[PDB]
Each structure stands twice: as structure tokens, then as C-alpha cells.
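Number of protein chains: 2
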Amino acid sequence: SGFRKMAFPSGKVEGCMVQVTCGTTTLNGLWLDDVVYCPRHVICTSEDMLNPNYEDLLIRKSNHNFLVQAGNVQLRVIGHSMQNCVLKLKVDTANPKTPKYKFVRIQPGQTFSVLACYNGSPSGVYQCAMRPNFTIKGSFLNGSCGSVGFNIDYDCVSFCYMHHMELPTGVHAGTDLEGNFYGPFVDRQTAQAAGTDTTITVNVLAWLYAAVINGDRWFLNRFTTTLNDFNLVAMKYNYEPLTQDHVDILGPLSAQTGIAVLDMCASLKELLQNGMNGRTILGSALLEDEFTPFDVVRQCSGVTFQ
Amino acid sequence: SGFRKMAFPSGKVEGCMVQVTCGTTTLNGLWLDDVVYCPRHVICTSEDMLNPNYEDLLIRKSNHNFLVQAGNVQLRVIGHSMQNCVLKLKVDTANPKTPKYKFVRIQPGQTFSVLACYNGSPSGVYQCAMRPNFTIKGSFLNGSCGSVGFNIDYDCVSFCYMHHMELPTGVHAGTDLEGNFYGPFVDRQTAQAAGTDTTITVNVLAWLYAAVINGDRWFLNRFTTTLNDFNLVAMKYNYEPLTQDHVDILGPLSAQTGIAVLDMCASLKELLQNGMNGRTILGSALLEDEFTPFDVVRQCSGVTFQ
Ligand SMILES: *[C@H](CC(=O)OC)[C@@H](C[C@@H]1CCNC1=O)NC(=O)[C@H](CC(C)C)NC(=O)OCc1ccccc1
Ligand SMILES: *[C@H](CC(=O)OC)[C@@H](C[C@@H]1CCNC1=O)NC(=O)[C@H](CC(C)C)NC(=O)OCc1ccccc1
Numbered sequence: 001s002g003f004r005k006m007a008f009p010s011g012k013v014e015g016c017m018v019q020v021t022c023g024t025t026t027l028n029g030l031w032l033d034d035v036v037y038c039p040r041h042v043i044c045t046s047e048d049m050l051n052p053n054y055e056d057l058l059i060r061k062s063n064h065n066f067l068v069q070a071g072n073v074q075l076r077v078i079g080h081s082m083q084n085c086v087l088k089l090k091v092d093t094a095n096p097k098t099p100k101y102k103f104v105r106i107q108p109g110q111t112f113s114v115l116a117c118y119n120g121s122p123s124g125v126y127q128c129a130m131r132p133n134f135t136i137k138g139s140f141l142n143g144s145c146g147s148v149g150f151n152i153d154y155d156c157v158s159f160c161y162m163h164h165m166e167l168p169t170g171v172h173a174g175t176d177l178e179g180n181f182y183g184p185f186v187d188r189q190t191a192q193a194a195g196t197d198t199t200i201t202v203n204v205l206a207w208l209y210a211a212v213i214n215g216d217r218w219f220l221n222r223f224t225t226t227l228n229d230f231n232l233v234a235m236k237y238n239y240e241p242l243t244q245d246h247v248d249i250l251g252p253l254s255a256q257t258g259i260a261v262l263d264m265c266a267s268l269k270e271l272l273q274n275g276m277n278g279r280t281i282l283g284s285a286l287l288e289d290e291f292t293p294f295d296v297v298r299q300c301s302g303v304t305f306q
Numbered sequence: 001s002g003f004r005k006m007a008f009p010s011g012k013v014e015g016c017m018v019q020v021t022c023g024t025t026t027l028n029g030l031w032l033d034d035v036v037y038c039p040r041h042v043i044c045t046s047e048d049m050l051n052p053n054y055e056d057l058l059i060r061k062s063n064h065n066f067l068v069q070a071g072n073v074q075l076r077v078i079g080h081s082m083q084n085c086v087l088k089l090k091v092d093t094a095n096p097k098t099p100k101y102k103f104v105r106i107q108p109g110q111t112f113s114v115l116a117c118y119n120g121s122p123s124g125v126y127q128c129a130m131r132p133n134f135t136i137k138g139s140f141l142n143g144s145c146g147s148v149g150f151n152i153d154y155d156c157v158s159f160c161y162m163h164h165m166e167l168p169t170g171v172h173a174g175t176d177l178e179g180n181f182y183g184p185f186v187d188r189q190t191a192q193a194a195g196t197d198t199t200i201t202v203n204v205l206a207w208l209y210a211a212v213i214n215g216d217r218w219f220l221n222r223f224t225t226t227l228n229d230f231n232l233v234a235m236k237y238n239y240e241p242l243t244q245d246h247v248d249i250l251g252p253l254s255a256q257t258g259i260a261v262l263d264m265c266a267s268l269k270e271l272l273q274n275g276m277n278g279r280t281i282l283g284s285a286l287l288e289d290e291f292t293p294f295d296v297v298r299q300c301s302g303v304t305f306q
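Chains A and A' are the protein sequences, given in the same order. A prime marks a further copy of an entry chain. Residues in the first sequence are numbered from 1 upward in steps of one, following the authors' numbering. Residues in the second sequence are numbered from 1 upward in steps of one, following the authors' numbering.
Just chain A, same shape as in the assembly:
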């Protein structure tokens, strides 16, 4: 038993991380097939990033201005193109370690694993959730751009994130693998505001179902409620509105534990109106919202990957 936040095995992604250098700027790149993906601001200096005209900046750059290093071996760049906020460097060698991969654009509330890299070398892996305001709360130092977020079905790597920015608030913003930013963010060193960060309600309920599975029981109360009544209290505490869909994905955990979703919603209702009273749930003194209803089943059914 036991419940922890768990990142996917990063072995398949490690084989695709390369170092990309342009001028004096160095970041990480994603080498899939014969294409290297990296943030387009690799063509930017520190002064360029204040107000960059990426088109005018990319005009001055050629193929030989891009040094792609895979450990100690170099990839000869034979073409480059700017797709939105990402750069696609065509190399003359296909990556022999390319797994079966996809490019997906996740939805708010869904989670993924981040392989933090510097100089194209992995440093650590952790689980991140795309907040409803399309930010993430990760760990990114200088040189961490180009690092990717991903999910794995069994042998298929679903790339979904690439890191670009840290906002003035300390949270992080990025794009998908097509260069499109998550949220209303642009890759420019200027003050940028995300919306009000709300709580992924279906995720806290799934995390409460996991605690119920793992022996944490004190929170289980005796009330029930309705979908609109709970949403009136959920909107009071900046929680996402629970839809009939969210009830359907939680069905698996509800049908196994025998607690109706509206019953769990009532136990969550009192948990917001009365606090934790100095108690903990699964070793945390607050409500966790970074566990999707599929992340708990993944940890209770024991799925694997090859």
C-alpha cells in the first residue's frame, strides 16, 4: 500500500535530450527522428529577451549557427524552421533511441512528468499538473529551458510540455511540442500575469478516494449534497465546478470504495468549511489537487510500461 506522487520512468526521454547552442545561449533540445525541438529564444541574447522580434532575429541565423551536441557527438544541422514559439532543427542523423512518441496538448488539471535537464543532461524527474490557469509549479533554474513534460501509455511517450518562462510570481509557463503556449503567455522577459489559480476539484476528490483506500478515514462524514449545492461552496473556495463528466471518471474509485461521489463531495464540503483541525491526510496537512483520477488508479491497480 502507501501513496506517493510518482513520476514516470524517464529512460525513454533521457535518450532524446541533447544540448543546443546558438551564439552564447545554451539550452536543451528534444531529438526525435531527424528533428531537434527547442525553444525559439535560443536565438536570443539576454538583451534580446526584453523585446525580441523573433522573425528579424532568425533572419540572421543559419544552419551552421546551431551547435547540437549529443554527449560528445555532434549533430549536423541541415535545416531550421520556426513553428510558433519552437524551433525545429533538421539534422542528418535519426536518433537511434527514438521511442514510439506522440505530440499531445493536455487539458487543465491533467498531470505529466518533467525531466529537468541542464546542458542536455538530465538532473531529476518530478510530477507536475497543468493548473487551471495554464501554469505549473515546478523546479527550473538557469539553463532549464527545452526540458519536456510527458506521459507514457505502455511503450508510447506522449510529449505535452516544453519549458520556456518563469513568471514574476515564481510559477512556470511553457508550450506544447508545436510551439503554442499554454495560457495567454508570450516568450518575452516582461511582466506577465496568470489568472486566479483555482483548485482542481476532481483531483482533490480522487486524492481523498486514495486516502480512503490507504486507511485515512477520519474525514469521512455522514452528509450528502447535490451537484449545485456543492458547486456553490466550491466556487466560494475558488474550486473548479464539478460536472457530471467528473463524476463519471471518479466512478471507478467510487464503485470500488462504495462511497458515492456526492457523499465524498459532502466530506470535502465540511473539509473546506471546517479545515483540517491540525490533522493530516496521506501525510499532508492540506488538500492535494495534483493527482488525477487516473493517477490514483495507476497506483492502486499497478500499471507498468515497457
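What the hints contain is simulated information worked out from the structure, not anything from laboratory work. Hints should not be assumed to be uniformly reliable.
[Stated by the list, open to error] Straight line, CA to CA, 16 Å or less: simulated EDC-like cross-link-like pairs of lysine to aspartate or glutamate:
no., chain 1, residue 1, chain 2, residue 2
1, A', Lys-97, A, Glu-14
2, A', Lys-90, A', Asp-33
3, A, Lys-137, A', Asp-216
4, A', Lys-137, A, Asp-216
5, A, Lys-137, A, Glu-55
6, A, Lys-97, A', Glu-14
7, A, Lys-102, A, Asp-33
8, A', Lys-100, A', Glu-14
9, A, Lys-236, A, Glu-270
10, A, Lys-100, A, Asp-34
11, A, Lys-88, A, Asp-153
12, A', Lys-100, A', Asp-34
Position chain A' with the ligands relative to chain A; hints supplied.
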């Protein structure tokens, strides 16, 4: 910036995970060079595990009674030996993916990364700390034995843990890679008690230094204290006694933030005597003790691995 609990890249360990079957029992094995390491209770049935005589049980087993599977390829076992609570299966093929590796026995309070596996296939990775009572709080379902814990310097994998048991309390116990259990535990399905779980004081102080680095400041107070005075209050809250050694490892974070260790100890002293008042530090409403003083520097200096 930002601070998260981070697991090492598990790519090098994934290449050493194989499936080990004996009779009807299947668990994970560690394939390094031409030796496969796995818990010795692979020779046990469900009824054997109540009171096993491992010697008498291993007498009945031969080399061909051990099926070692690496994906779809089998490893021919040509020898077996019981070292403490671990089984060493000699195969006729050296693992071509063996990294530079060591076998170490960690100290209480130190952390490591756990690659959770089932049927020799990785499932997830998370960071664990060896509690002062020589247990860990992980996530282990049925079939998770043989999974290992490890640390990486740069290209050297330091294996330190192998999973065996879940206690009646829900926490987990295991051995090093030499078969010696951490703590007073034996691999037998019987009621077994760990001691009183105490808090790794040097780890909470290092985690407070990280919050100080990442903008979390409200806890910083104005008192100071002495080593004995703080230990009198630390022992009151079941905290490990802080030694002059612990002050020396915290020197790096103390000399960078400019807060003396005894000053941080006073801010921690009031944090125990006054609680958090419904506030959070680094997104947690309690004091984290699973971050060693080297784990914060690892996340603030940005070390990498190859
Ligand atoms: C990407 C550049 C890189 O890593 O390698 C060239 C980022 C820096 C990362 C983002 C998270 N922390 C970092 O150090 N460089 C940037 O200039 C971007 C903005 C756009 C050009 C994408 N991020 C940014 O300006 O972040 C502000 C910041 C806050 C705290 C610390 C460093 C930067
Ligand atoms: C190892 C066996 C295995 O995984 O594959 C053969 C363990 C089961 C693991 C330990 C953590 N959770 C599991 O399911 N089998 C055991 O019998 C051991 C005891 C010794 C023989 C090592 N663990 C044990 O008895 O755990 C009790 C338990 C609690 C909760 C759920 C399952 C088992």
C-alpha cells in the same frame, strides 16, 4: 526557481530490472554484470512466508527452478547462493546495459530514489528517505519486491535499497544490496514493530533554508538559541538531536543565505511551539524532513548526471 521533491533519472536503473520467477512466485531482480539480485523469499509460497526456514527451502531449489526474464529474452541461471536475505543468481550473460555501480549502506536520514517495478517492468519513480527507525514511507503494491533504491554521483549508480516487506503500520522495510535488513526486521509475515519515528532535524532545517531561498520568509524570526537549548525543545517534539556535524553540512546553505544555523534553529523552535497558524511553507502546511542538506544544494546549484 521553485522547489520540488525530485527523483534521479531512472534510465540507468531501468536497464538492470529483470523478472525473476520461482515456482509460482514472481518478483523483480537486479541484473548487474552476470549476477541477478533479488529477495530470497522468491523461494517462498504464501504459506511459507508465515514461518520460513530459508535454508531448508533453498535446499529443494536448483538452477533450473529460477526463470530470469529480460523482456522476452531469458537468462540461463548457472548458479545461486543466499547472501543474508538476498539471492544471487549467476547467469551466463553479462548485462550489456550495466552502468558504473556501487553497493552502499546509507545512514538514517539520507534520501534515495525508488524505481517501483512489477514483473520486471518499471512503473514509477519517487524520492524516499530512510527514517531514523530504518523504515521508509513509499508506495508498494503486490509484486513490488526486488525494486531498488539508488543515488547517482555523475555516471556512478549507488544502489542502497531493495524492497521486501510492508509492516502492519503501512510503512515499508528492506535490505541493502548485500541482504542485510535496515533495522531489526526479518523477512517473515509476522507482526513486526519499528521504533518511535522521529524527525530528521538537519533535514527540516535544510528545507527551511530552501524556502528562504525561494522567497518563503514569514517564518524567519528574531531569536537565537544554543545547541543544548534547541535540543531540549527538539527532544520534546521527537526530533533528532542536532550535532556539531549537522551544523557543518548546513554551512553551505547558512553561508549563502547569511542566517546562522542557531538562528534557523530558533525560527524552527518557535515553529514547533507555535505551529504554522494555518500557513504554508513551500506549498506544505507542515515541516518536511525528507530533504537532505545535499538535496537542496543539488536543486539550487543545478548538478547534472551523464
Ligand atoms: C529559458 C532559457 C534557458 O533555460 O536556457 C537558455 C529561460 C530561463 C529559465 C526559465 C525558468 N528559469 C530559468 O532560468 N529564459 C528566459 O529568458 C525565460 C523568458 C523567455 C525568453 C522564454 N524565462 C524568464 O525570463 O524567466 C524569468 C526568471 C525568473 C527566475 C529565474 C530566472 C529567470
Ligand atoms: C514481496 C513479494 C513481492 O512483491 O513479490 C513476490 C512482499 C509483498 C510486497 C511488500 C510491499 N507490498 C507488497 O505487496 N511479500 C511479502 O510477503 C513481504 C514479507 C516478506 C516475505 C518479505 N511483505 C509483507 O508481508 O507485507 C505485508 C503486506 C501489507 C500490505 C499489502 C501486501 C503485503
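Hint-by-hint comparison with the structure:
{"no.": "1", "hint": "A'/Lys-97 to A/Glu-14", "verdict": "holds, 15 Å"}
{"no.": "2", "hint": "A'/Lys-90 to A'/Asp-33", "verdict": "holds, 9 Å"}
{"no.": "3", "hint": "A/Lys-137 to A'/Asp-216", "verdict": "holds, 15 Å"}
{"no.": "4", "hint": "A'/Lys-137 to A/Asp-216", "verdict": "holds, 15 Å"}
{"no.": "5", "hint": "A/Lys-137 to A/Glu-55", "verdict": "violated, 30 Å"}
{"no.": "6", "hint": "A/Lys-97 to A'/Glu-14", "verdict": "holds, 15 Å"}
{"no.": "7", "hint": "A/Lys-102 to A/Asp-33", "verdict": "holds, 12 Å"}
{"no.": "8", "hint": "A'/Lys-100 to A'/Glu-14", "verdict": "holds, 14 Å"}
{"no.": "9", "hint": "A/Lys-236 to A/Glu-270", "verdict": "holds, 13 Å"}
{"no.": "10", "hint": "A/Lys-100 to A/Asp-34", "verdict": "holds, 14 Å"}
{"no.": "11", "hint": "A/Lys-88 to A/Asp-153", "verdict": "violated, 25 Å"}
{"no.": "12", "hint": "A'/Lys-100 to A'/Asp-34", "verdict": "holds, 14 Å"}
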